[PDB]
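Provided herewith is a single structure, encoded as structure tokens, for subsequent inquiry.
Here the complex is missing one protein chain, while the rest keep their positions.
In this document, chain identifiers A, B, C, D and E correspond to the written order of the chains, with residue numbering beginning at 1 in each.
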Amino acid sequence: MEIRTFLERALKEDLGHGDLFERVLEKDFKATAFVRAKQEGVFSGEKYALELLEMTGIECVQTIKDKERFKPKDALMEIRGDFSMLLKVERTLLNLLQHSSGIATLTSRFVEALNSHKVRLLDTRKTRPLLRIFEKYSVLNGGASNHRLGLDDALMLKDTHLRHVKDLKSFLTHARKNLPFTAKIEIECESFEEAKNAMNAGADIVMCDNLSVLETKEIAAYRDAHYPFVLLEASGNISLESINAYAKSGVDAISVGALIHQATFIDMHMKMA
Amino acid sequence: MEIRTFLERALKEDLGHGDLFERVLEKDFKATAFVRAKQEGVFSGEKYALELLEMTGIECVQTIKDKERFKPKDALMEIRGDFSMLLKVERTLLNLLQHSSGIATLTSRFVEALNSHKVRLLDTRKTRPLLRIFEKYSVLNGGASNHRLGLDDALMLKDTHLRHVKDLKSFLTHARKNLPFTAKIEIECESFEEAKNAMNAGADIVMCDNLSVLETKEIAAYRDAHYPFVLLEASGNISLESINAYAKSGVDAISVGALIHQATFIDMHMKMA
Amino acid sequence: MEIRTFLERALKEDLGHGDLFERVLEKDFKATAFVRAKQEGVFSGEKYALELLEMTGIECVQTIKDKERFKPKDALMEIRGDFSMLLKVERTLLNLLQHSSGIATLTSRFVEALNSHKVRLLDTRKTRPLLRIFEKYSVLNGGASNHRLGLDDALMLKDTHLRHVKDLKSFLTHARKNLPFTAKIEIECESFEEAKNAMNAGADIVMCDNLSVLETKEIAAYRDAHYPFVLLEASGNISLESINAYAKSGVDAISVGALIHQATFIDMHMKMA
Amino acid sequence: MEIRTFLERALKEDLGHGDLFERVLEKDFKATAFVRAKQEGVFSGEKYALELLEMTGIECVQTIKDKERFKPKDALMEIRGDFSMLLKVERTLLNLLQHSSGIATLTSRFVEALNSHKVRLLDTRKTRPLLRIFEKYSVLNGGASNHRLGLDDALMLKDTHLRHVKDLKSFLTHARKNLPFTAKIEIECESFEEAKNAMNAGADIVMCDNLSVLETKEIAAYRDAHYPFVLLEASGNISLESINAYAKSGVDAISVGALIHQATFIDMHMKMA
Amino acid sequence: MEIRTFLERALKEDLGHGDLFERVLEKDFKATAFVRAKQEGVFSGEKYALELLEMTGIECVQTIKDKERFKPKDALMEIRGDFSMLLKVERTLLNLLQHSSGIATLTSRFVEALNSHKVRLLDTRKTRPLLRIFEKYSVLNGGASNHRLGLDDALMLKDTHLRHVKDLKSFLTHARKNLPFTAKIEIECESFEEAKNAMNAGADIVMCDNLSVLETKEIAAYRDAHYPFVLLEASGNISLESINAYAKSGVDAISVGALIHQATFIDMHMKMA
Partner (left out) sequence: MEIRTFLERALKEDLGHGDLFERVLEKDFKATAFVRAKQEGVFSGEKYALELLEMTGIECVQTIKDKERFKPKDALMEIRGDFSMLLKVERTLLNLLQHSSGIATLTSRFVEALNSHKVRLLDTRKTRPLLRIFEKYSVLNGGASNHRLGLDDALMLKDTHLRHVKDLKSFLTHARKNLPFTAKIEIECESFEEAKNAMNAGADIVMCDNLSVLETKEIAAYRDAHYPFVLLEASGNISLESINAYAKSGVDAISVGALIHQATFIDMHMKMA
């Protein structure tokens, strides 16, 4: 398990010195519980919930696969194990769930509001500390694709890196030999004129930072023109509304980091019996 | 440093095999950069930012103390160190910042909308996985107090625990001897009649789950009545609006977990030069 | 699980580069062995031991639960599993069963002199490095009760703390808003006058330090009339003889941390048979 | 370094979610502090403390060395750092100086009552969990000498191991080619007979477990006679009231694990000034 | 920092319970020492070494940067610091400088035969356990270039993968939406026919496995007319003689992972002087 520790840690920060309830409890027995929802939405974080549960000695009788949709008063999980242990895990479970689910839902919404089957939805390294993965996985279980996961994943730069370079074309070449063979080089651009110097130099990918439909199409055009095998990325602010408009800019994928840093939880709770 | 690793981990998940930019860079030099804002709001996470920075070999020339307020186009930090290293830390810094700042702001707002100096604002164990502390600290730098930090912090129960007990009073006594001496026992209650069985039994604290003003006042009353030294907690949903109404229920503190699981980031970015 | 890593490290230290015997052992085989007393005492350590065994792959046949009493020559545990693993888990097993039971035993000898069903006996924060929780556990299996476990569990102030404090009453006031909601505040006082002040400032617990049986009965009495809701504990070089007296002095609880820093091993050993 | 992680852990167990007093302190500041003794004994732990101090950014002004003797009321250490920290570090620093010194002292007693500049006094493997290295280190300062540290250190066969070895001379011969090149073997014997055999098999050290001062003499002789470079160690329940007695029997070392599993805390405390 | 913990563990393993010499060393003192060649080669390991030194408290006086060439009897490093620490960091230091330079050296011997400024030499994923990154680094200081570093760095498919795949072209299509946006896809092909298929399905990189110089020049040519935007690499038991030929065969890069699993130490040693 690559996430075995992640859970390990999440549980400890809440258990600290050790749960207080178990000290008082006299006779521990084996009971059962459900994870009803309280607000319709999608569901992500199954994988984790499963791992955590087996990791704690909690049997997962019934579960609703990820990527699935639900409505309030719906049973999402019939877990069963010792009583004491059940209560310790209660919170850590709901939490990771609600957070994963939430980003998944808020992401779901961005999907339909895209309406397309030839354009990709991407996220960003804009993630909460220590959740680079836990979240991207969530962005996924919504219907979007994930962009790069780290800074070793694919060399991607912007002005900040080139504000001291002469001859771009010649630059992207002295990199190729000083990089990993299977790494693409994506570049950020703020104006039409840039996208050109880009492609020309080699750029495996070209982004579009804060630029209007007609500003992009000129590039989406100049692209279909000479450099065809060079993906294009619409990335600026991309509001939930101005998102559909860009799908039409004839651009491969649009990255809306807001998918992650804008997703609140989703009501859920746990009841014994 | 108790948070030294927290940062340690946050940086790695993004660096993975190792940043790709540094491979290409030819001559590394020492430059400087700022952390301008892009949306007025409060600021939290100074502590971390500081630690991270020294941890990375980045000098923190100028910083704006936590709990402070800011407006767009404002410089929040003049950091200076090697160029390569500056870029690796760029993201991990903004992230933890924006997230801490965000909860701080959304919390700030809940403060003024409370208007009071005798009533406390509390949060909940409703926190994102692996951020139990990173967040509570944020809830703090907003103006609120923190409730319990874990399940070892203070024995607090609800129906779920008592749906199998006879004689509450006698119960809270066989706990005291099987608990840590400095631990209070807070109890959750959903109806007037409960608050009574509570106090009577001993309960060091009594909460109020999803109950209207007049429902609470009856208890806030019966409290000022016989059991005075028994704090009272208003905790249900407490919308940003129906929050002020409860301040008047004559209750010690009100806990609005929404403070954490509802706070999105806050625009910020980093520019060289 | 929380004590996995504890046990894990307790083993790692003894094996080092690896056991040498398993290098020369020709044919490993399943064998049974028992842990046995060689002196009388009260049993502590089950929790830890069972977890060690089931961790290493050794089956546990029979075990005397914690708190139980045992005479010498008594068989305490029966265990089966690979010969090689038994000889590795041997000292690691015994060692903790001894250090653990050693405390618990020396603890009941106090719980005796104490002799009361209204007064609680408490340990302290004076514990051997890395065994805080371990040792605290033991004290429980000794018949007494644990005080706090850390500096986050509850706020406690003594001379060193106050020497830099003006107007205490005003302090414990503008403190509650920066401490976690459930947190109790306790104060060490070396005299009656100090005692009154504390209680008044709004202390939750007052500690009667190195004070004569009398001075306590008085700081006690004063408390049963002006502040009945305050906790009082007596501490300071209390012994097996003088401990009895304090019990009968109207004082909430007594803390003789010696129950730990003055407890030694209880000779035990393991035989194959 | 080496023990940095030990201290790193010893602290994390006491701090937990975080120190409380540091939440309510108003203005931290630099300050001095002294560790005074309240009991006479011998000082151990220097090694550890100095790292604990530097590790937590505290300055060490003055400090006595390991093995130095001290009287009560003696000022042992002069530390100087931020008031807030000095406090978090206090108990830890003391706990470990009391445990370490505690051991060294009791040890120093056995070394005096042993009386002899040619016979070594040894500890064992009976140690408290997670302190193997620490406690050995302690014994060292008390003026005695360490036995092996773990199971990789050197091979020792007690009866348990032997009860399955037909022909020992071979077993030892056909074990050398497996055990690392530089390892000694030690066999536990309970009769002049066993020791006479064990030695021909080629043991490198012979344990004279629970034997009369006469039998021991016998073996010491046979040793000085036919096997000179063998090495003798007398062990078993040995106490002050019999050490000197065994010292004069020819054995090269007397082994008494009571040195650690029977040692206790030497009273100490920290003052500000 | 990323290689701290690497070095940290490389030390921990050699010291075990702790160095024995520092136990018998009477007076420690500051001394200087040099690491020296005893055979010719290309230098690798600086990054790691400097970090080891400055980590242990040893000053570095002079050092031959990485990639540099050196003859025997040449002085490679001058270091000052506590005698005791020098003797501990000794083998740990040498060992990695050797294993590291050993690779790099054996690598340049290939970069030679290769002889080209249009073709890149690449390592593989066949590395010694725990040294993936370490060894990959070395290969760089050998004059070549690294292939991918993990199974997250980029998707690669070989026989074993395809045996359970129907209609590949359709696969690489409904895959891009589940792979991270930047991810390149590469395919191992054991023949011309396989090669075409790959390219067509939309592969980003095709690997020419155990194929004759010719069959490559052909899978090459075909590619310089129908798919000019595809990467081609040749692999499979390539050696120091036959490696030259492939260079001149219109193929993007060559991957002879032997540059690692077939590289040994380069005799070096350290002298005090």
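Here is the rule we go by: a residue touches a chain if its C-beta (ideal position, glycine included) is under 8 Å from a C-beta of that chain, and two chains touch if they have at least 3 such contacts.
Trainee: Omitted chain: which shown chains does it touch?
Mentor: Counted over the whole complex, the chain not pictured touches A, B, C, D, E.
Trainee: Based on the whole complex, identify which of D:14, D:46, D:153 or D:194 touches the chain you can't see.
Mentor: Considering all chains, including the one not shown, the answer is D:153.
Trainee: For the chain left out of this view, which of E:55, E:113, E:179 or E:201 touches it?
Mentor: Once the missing chain is taken into account, the touching residue is E:179.
Trainee: Looking beyond the chains shown, say which of A:7, A:58 or A:149 touches the absent one.
Mentor: In the full complex, the listed residue that touches the missing chain is A:149.
Trainee: Looking at D:32, D:84, D:145 or D:262, which residue reaches the missing chain?
Mentor: The one listed residue touching the chain not shown is D:145.
Trainee: In the complete complex, which positions of subunit C touch the hidden chain?
Mentor: 15-18, 56
Trainee: Name every residue on subunit E in touch with the hidden partner chain.
Mentor: Answer for subunit E: residues 6, 9-10, 13-21, 23-24, 87-88, 91-92, 94-96, 98-99, 125-134, 149-155, 157, 160-161, 163-164, 171, 175, 178-180, 183, 261-265, 272 touch the chain left out.
Trainee: Mind pulling the subunit B residues that touch the left-out chain?
Mentor: 16-17
Here is the rule we use: only the chains that are shown with their structure count from here on.
Trainee: What pair in B-C, C-D or B-D shares over half of its contact pairs, by residue number, with A-B?
Mentor: It is C-D that repeats the A-B interface.
Trainee: For subunit A versus subunit D, what separation do you get between their C-alpha means, in angstrom?
Mentor: It comes to 53 Å between the two C-alpha centres.
Trainee: Please report how many Å separate the Cα centroid of subunit A from that of subunit E, as a whole number.
Mentor: Centre-to-centre distance between subunit A and subunit E: 32 Å.
Trainee: Which subunit E residues reach two or more other chains?
Mentor: Counting only residues that touch two or more other chains, subunit E contributes 16-17, 149, 152-153.
Trainee: Counting only chain pairs that touch, give me the topology of the graph as line, ring, star, complete or other.
Mentor: complete
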